[PDB]
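Visitor: Listed below are the residues making up each chain.
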Amino acid sequence: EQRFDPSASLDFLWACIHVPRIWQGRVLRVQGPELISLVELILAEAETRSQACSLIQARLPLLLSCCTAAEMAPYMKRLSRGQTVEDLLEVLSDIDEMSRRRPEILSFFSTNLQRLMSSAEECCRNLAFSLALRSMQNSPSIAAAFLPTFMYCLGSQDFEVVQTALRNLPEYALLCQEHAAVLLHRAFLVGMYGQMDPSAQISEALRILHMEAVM
Amino acid sequence: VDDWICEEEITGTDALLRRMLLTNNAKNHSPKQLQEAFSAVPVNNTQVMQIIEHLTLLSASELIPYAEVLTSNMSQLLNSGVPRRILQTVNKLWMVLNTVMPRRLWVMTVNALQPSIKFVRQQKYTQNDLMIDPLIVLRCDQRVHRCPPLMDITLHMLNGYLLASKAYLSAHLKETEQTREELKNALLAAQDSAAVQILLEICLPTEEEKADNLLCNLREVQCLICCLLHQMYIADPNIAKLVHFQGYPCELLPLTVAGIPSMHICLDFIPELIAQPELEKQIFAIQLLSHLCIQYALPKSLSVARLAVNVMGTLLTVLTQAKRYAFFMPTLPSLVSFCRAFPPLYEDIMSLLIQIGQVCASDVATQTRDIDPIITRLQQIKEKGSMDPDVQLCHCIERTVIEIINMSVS
Amino acid sequence: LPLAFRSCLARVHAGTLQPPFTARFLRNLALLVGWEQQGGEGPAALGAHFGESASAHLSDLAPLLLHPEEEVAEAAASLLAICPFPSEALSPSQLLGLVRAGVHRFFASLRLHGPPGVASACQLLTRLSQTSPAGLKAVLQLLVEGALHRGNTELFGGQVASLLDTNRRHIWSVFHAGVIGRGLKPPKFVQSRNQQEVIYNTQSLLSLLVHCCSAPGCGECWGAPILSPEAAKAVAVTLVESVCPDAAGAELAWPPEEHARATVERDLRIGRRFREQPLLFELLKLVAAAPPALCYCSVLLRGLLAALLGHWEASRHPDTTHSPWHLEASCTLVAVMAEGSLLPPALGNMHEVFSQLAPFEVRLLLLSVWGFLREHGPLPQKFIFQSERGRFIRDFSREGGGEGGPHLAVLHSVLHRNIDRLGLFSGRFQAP
Amino acid sequence: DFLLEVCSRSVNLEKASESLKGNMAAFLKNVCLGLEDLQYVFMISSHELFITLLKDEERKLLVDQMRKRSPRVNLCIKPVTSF
Amino acid sequence: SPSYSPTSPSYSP
Amino acid sequence: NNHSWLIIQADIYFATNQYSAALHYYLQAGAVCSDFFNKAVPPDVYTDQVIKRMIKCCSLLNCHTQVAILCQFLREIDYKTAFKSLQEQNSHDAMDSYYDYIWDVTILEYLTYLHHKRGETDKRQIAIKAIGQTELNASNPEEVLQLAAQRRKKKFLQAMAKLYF
Amino acid sequence: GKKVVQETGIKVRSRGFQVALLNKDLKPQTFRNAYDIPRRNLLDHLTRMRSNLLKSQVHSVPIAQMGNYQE
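These protein sequences, in sequence, are chains A, B, C, D, E, F and G.
As numbered in PDB author numbering, residues 1686 to 1711, 1724 to 1748, 1754 to 1769, 2043 to 2190 make up the first sequence, in order.
As numbered in PDB author numbering, residues 724 to 901, 922 to 954, 984 to 1156, 1177 to 1202 make up the second sequence, in order.
As numbered in PDB author numbering, residues 550 to 709, 726 to 735, 745 to 791, 795 to 1009 make up the third sequence, in order.
As numbered in PDB author numbering, residues 416 to 498 make up the fourth sequence, in order.
As numbered in PDB author numbering, residues 1619 to 1631 make up the fifth sequence, in order.
As numbered in PDB author numbering, residues 831 to 995 make up the sixth sequence, in order.
As numbered in PDB author numbering, residues 475 to 489, 526 to 566, 578 to 592 make up the seventh sequence, in order.
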């Protein structure tokens, strides 16, 4: 209901927040429908002034205060059916040279690199992390798709997998940046309830995350 | 100075209003008439509005006969529904009367603001009694503690009697002379510290009102008390050092740091306070530095923050398990503020948090546990009583690193 | 299926798959594994191996018992109760994690849902106890330790602004010279739990322990499976380590009665521990059901007996009913030692008359019990494994004076002295 | 059935007060809980004392919460075909 | 000095 | 559950400086040979080499009180390594909470001296209380001492099993 | 005798400051130093100091001298 004048109402609220007895010698919480009624009161003030945006900008502090794939098919088949370490290593390396040539081909190998991400032995697992992070350096949308396999590698029973996930932790935290709280929390809890010291990696990730946080 | 700078002229509006309104010669206004207005059992606020609004036009020399009727009816002004304008006007008239008759007026106001449970409750408070024990002025009706116009009056009397007790003690010392200087200085320092501690306990949100933090009477009382403490810390920083060595509840710490601008000198003795043998002093020093680093991000504040991190790292290896719990449960939230003020401290804070967490997981593994947090090493971010202290400390470590990561990501 | 399970559990252990979908996946997998286990033409034609593929992820499913969401925890429990173990073995890390998560789930569901809600955890713990003797020892030790913790003991009836008003209260010096401590103590920590729910929580715990302790695998329609003496020995040693951990008198044979004043503090600690936790008596009754196992609780029995003897020393009451806990503890102690066949049936029946005696007669009777256990001793080599029924048997006749030769004299003298009240009880203490 | 018949002869209904009835019905519930075979759960649940003692609304809850312990699962195994 | 903020401008005589 | 293969895996992890993994598999082998450390671990599985490598792994994880406890597992107690590790002040293993697992009077004497030297009066009182136990008296008749050592071995190894898996 | 006095410190490590300890010969000069007064009894000690200074510890004799018959 438009019973009250919006100009007098907003002026009264703004003066009630800024009573000089409250701030002498030196932030009010409102409910849901209260904040709603405030925002269409501000809108109603905007339309009754429109009969520009300066008064809306002046009322903003109060609302702030109240609130090709065909040529890669044999490589897919060799990487999927690789049983020995020799076959997996040679097909991962063969992907690696032409990824250094053509970086866009790595999107076809995404989930299969996710499978090789938690590999038991060291060289193809490190190569899987390298090729994966190279794939994610291009498209940030790929970063959320590697979250379950990265948190699985952090919480894996295999200790080598945990170490190689912790080594690539700051690069992945930089690449993802919307799941970085859960990632660094998992890294800490792996370090805390394990016997690892990921404080250097977590500190570097937190520092750089702060550096693009202040931008 | 506050009792003297009020006599300074502003714009000539008061002399103009006096000349244009006091010449109405409506001489019905009198101490007897105002007393009859107060003493009405069906009390009307309108008549006392009219009388004291007329009284504001009077000079201080001619407001003398109204002192008794103004003071002795101040107990009725706390009676749950007295309008704010009556209280503000009475405070204004008391401030006017303070410039011409303060030695009498303070005694009358102290006698008026007693709880009055008994017939008198020591109405024989003399000036000598209040100069002997200035803390008498804090033994008021206890409804004044949420009445800001009477907090102004009682803080004025408290500051005055605290100043007067020094002169009284010097006079008694010279009279009884016919060392004791050290004992007098210790008594004065302890007296001011006790006054500050009682004032800070008044600022606490008592549990009767606990079960809008900005538009309440408590906020105005907190601001008045913070102003008085700012003046007293400026007058004697040793009182601030003594009070922070004594310590106050940590709920008052954001209020004292934000509201008292002279709290930045606490960084001078926080290195001294953190070296105290008692664990509570070190806990309070770390909690105080936590808010001071947010308020003032100085290079010396960073140096003291590094010192506090080193002290916590050393006390991790000095304290026993019960002492580790009792020390690290209050001081762990200070690390979030240390990381917020100083992003270079990330490496030290995270290494310290790894060390505390790995220490505290080991004695979790030592005894059998009702909830076993070692299995729950793979947990997601949870939403923001009889549990084991070690598991509670582990959850505190996890919560603090959660807040640190959330703060640094944002 | 292995790839599908790995992808699902990777999404579970990350922030993905919000817990309603986690619970749905877990209970659907439980439905699939159960459906394959009730195998007809369906599971045979499909050939899915749901249980075998789910067995490869027990290290991922085990932390889900510790999930804060209740539906996720109970779905994980229902899955793990029927999911087969890996065909090769369980790893010690895997087995220990499964047992720890299982006992936590058991106590959590006992606290929350009561006895109806513990079925999945009981089934999982029973299956884990039958994998290996190490698994059985782990299950029993962690169950008893969790049941005797400061938490989970109320389930089984176990026991449990100064300056402002200081100035407002006050040549006007204070009357007192100081304060003794920190003022008055808080008015205790008294609490009350329902006796019925304590009884049935105890029944749930002891039924799980009996299922773990019994030998799996008609032996008559009225017979009972034999409780394994090794499992009850594990319960006995974790009882001894939980109650009296120091075990300076850990040798099984009993010392002279003059050694009771040497260990008053330890024995009073044992007695206070037994008073605070009534579950300890039930655990001794469970141990005593297997005959050789109560020999390993000899330190606990001797300590409780010496504490009771010290109580009956100082009892100035003319009768015994003014000490109800001590009376029923003496009766239960004699009943357990008779049930575990550390006492002959004639000497093991004196607990029936304990309510009709003054404290010095029952003290003398317990001293005669101490004398018999000195002369005979609770030793496992006294027990002969009767392979006909599979139970160890203590034959007191072959020991020599095993029917209480000199020890029944004090009992008969006590009956004779109080014959006006103990006359009708004379049939319980006959020679045959 | 011997346990149930001892349960019947030792209760003395319509004179046993609320204390014995509640204890005895709780015992019947908790011995139903420990039964691994569900036919035994109907064997106790079909007894006149079990129906008489508890309620008319929690007996159905108990029998469904025991039926859901080991549910019967039916699933189609023939792959889909729109022929 | 307690009367001046740490970030207050310094006085150079 | 093949203890020899678990020992081989632990040795492989120890060779590649994976000390936490090495402790994990050494404790897995010890839990295999006993029944989760309910019996004594046979000396042909925890030989002096295996206990020494567990000592080295606990040293390189800065769990120095665990080093002191594992030093007295050997046939002759290695007082040199225990005294060297107890002097360390960067510990990650709940230092005074593990003093219950120390049954040797000499190590506790060194701990009391070390806490008195550094002014750690509370840990000094804890160590004095640990020495002041009648079951830990060195003049106990050689079977009370053996059972005290065995029960502390069982409790400590179960604590390490809980910590590392 | 009287030539060997021991004082200890925590010696806070960097990753010369020290943390003081509760000294046995603390000798709290509470009537002469206001910093020695605990907050828990600040008001009672305050009014005791006020009574002491105006016109209006002891009995901690070390046991062997508290029953001095001849002295």
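It should be emphasised that the hints constitute simulated quantities derived from the structure, not laboratory data.
C-beta atoms are modelled at their ideal positions from N, C-alpha and C, and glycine is treated no differently.
The reader is advised that the hints may include incorrect statements.
No more than 35 angstroms apart at the CA atoms, straight line, and that leaves these computed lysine-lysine pairs for DSBU-like [said to hold, decoys possible]:
#1 G:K477 - B:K847
#2 F:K914 - G:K485
#3 B:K927 - B:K755
#4 B:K1095 - F:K983
#5 F:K947 - G:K534
#6 D:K475 - D:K444
#7 F:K869 - F:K914
#8 G:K485 - F:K882
#9 B:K755 - G:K534
#10 F:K882 - B:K889
#11 B:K1013 - B:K953
#12 F:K959 - B:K1072
#13 F:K984 - C:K959
#14 G:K565 - G:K534
#15 B:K1156 - B:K953
#16 C:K762 - B:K1095
#17 B:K897 - B:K953
#18 B:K815 - B:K897
#19 F:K869 - F:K947
#20 F:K886 - F:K959
#21 G:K485 - B:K1053
#22 D:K493 - C:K862
Computed far set for chain F versus chain C, every beta-carbon distance over 12 angstroms [what the hints assert, rightly or not]:
#23 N832
#24 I838
#25 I842
#26 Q848
#27 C863
#28 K910
#29 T911
#30 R981
#31 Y994
Visitor: Now tell me if each hint is right for this structure.
Guide: Status of the hints after comparison with the structure:
The hinted pair formed by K477 (chain G) and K847 (chain B) fails the criterion: a straight-line CA distance of about 59 angstroms is larger than 35 angstroms. For the suggested pair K914 (chain F) and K485 (chain G), the alpha carbons sit about 19 angstroms apart, so the restraint of at most 35 angstroms is met. Distance restraint check for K927 (chain B) and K755 (chain B): the Cα-Cα separation of roughly 46 angstroms exceeds the 35 angstroms cut-off, and the hinted pair is therefore not satisfied. At most 35 angstroms may separate the alpha-carbon atoms for a hinted pair to count; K1095 (chain B) and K983 (chain F) meet this at roughly 27 angstroms.
A threshold of 35 angstroms between alpha carbons decides the hint, and for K947 (chain F) with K534 (chain G) the separation of about 16 angstroms falls inside it, so the pair holds. A C-alpha spacing of about 12 angstroms is found between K475 (chain D) and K444 (chain D), which places the hinted pair at or below 35 angstroms, so the restraint holds. Proposed proximity of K869 (chain F) and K914 (chain F) is supported: the alpha carbons are some 30 angstroms apart, at most 35 angstroms. Of the supplied pair hints, the one linking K485 (chain G) and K882 (chain F) holds, its CA atoms being roughly 32 angstroms apart against a limit of 35 angstroms.
Between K755 (chain B) and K534 (chain G) the alpha-carbon distance is near 67 angstroms, which puts this suggested pair outside the 35 angstroms criterion. Distance hint between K882 (chain F) and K889 (chain B) is unfulfilled; the C-alpha atoms sit about 71 angstroms from each other, more than 35 angstroms. A distance of roughly 30 angstroms separates the Cα atoms of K1013 (chain B) and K953 (chain B); the hinted pair therefore holds under the 35 angstroms criterion. A hinted pair counts as satisfied when its Cα atoms are at most 35 angstroms apart, and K959 (chain F) with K1072 (chain B) does not qualify at roughly 43 angstroms.
A threshold of 35 angstroms between alpha carbons decides the hint, and for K984 (chain F) with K959 (chain C) the separation of about 28 angstroms falls inside it, so the pair holds. Distance restraint check for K565 (chain G) and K534 (chain G): the Cα-Cα separation of roughly 34 angstroms lies within the 35 angstroms cut-off, and the hinted pair is therefore satisfied. About 21 angstroms separates the Cα atoms of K1156 (chain B) and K953 (chain B), which keeps this hinted pair within 35 angstroms; it holds. In summary, the hint linking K762 (chain C) to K1095 (chain B) is supported, as the alpha carbons are separated by about 24 angstroms, within the 35 angstroms threshold.
Only pairs whose Cα atoms come within 35 angstroms are accepted, and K897 (chain B) paired with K953 (chain B) is rejected, the gap being roughly 49 angstroms. Straight-line distance between C-alpha atoms of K815 (chain B) and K897 (chain B) comes to about 38 angstroms, which puts the hinted pair past the 35 angstroms bound. Under the criterion of a C-alpha separation no larger than 35 angstroms, the hint pairing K869 (chain F) with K947 (chain F) is inconsistent with the structure, at around 38 angstroms. Of the pairs offered as hints, the one joining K886 (chain F) and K959 (chain F) holds, with about 29 angstroms between alpha carbons and a cut-off of 35 angstroms not exceeded.
For the suggested pair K485 (chain G) and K1053 (chain B), the alpha carbons sit about 18 angstroms apart, so the restraint of at most 35 angstroms is met. Taken as a hint, the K493 (chain D) and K862 (chain C) pair is broken in the structure, with Cα atoms around 55 angstroms apart against an allowance of 35 angstroms. Consistency note on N832 (chain F): stated as away from chain C, yet its beta-carbon is not over 12 angstroms from all of that chain's, at 9 angstroms minimum. With 12 angstroms as the threshold on Cβ separation, the claim that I838 (chain F) sits away from chain C holds: the shortest Cβ distance comes to roughly 15 angstroms.
Every beta carbon of chain C lies more than 12 angstroms from that of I842 (chain F), the smallest distance being close to 17 angstroms; the non-interface claim holds. Taking the minimum C-beta to C-beta distance to chain C, about 15 angstroms, the non-interface status of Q848 (chain F) holds against the 12 angstroms cut. With a least beta-carbon separation of about 10 angstroms from chain C, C863 (chain F) fails to lie farther than 12 angstroms from that chain, contradicting its non-interface assignment. At the 12 angstroms boundary, the C-beta of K910 (chain F) stays outside the reach of chain C, the nearest C-beta of that chain being 30 angstroms off.
Every CB of chain C lies more than 12 angstroms from the CB of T911 (chain F), the least distance being 27 angstroms, so the non-interface label holds. Separation of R981 (chain F) from chain C is inadequate, the least Cβ-Cβ distance of about 6 angstroms not exceeding the 12 angstroms criterion. With a minimum CB-CB distance of about 8 angstroms to chain C, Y994 (chain F) fails to clear the 12 angstroms threshold, and the non-interface call is violated.
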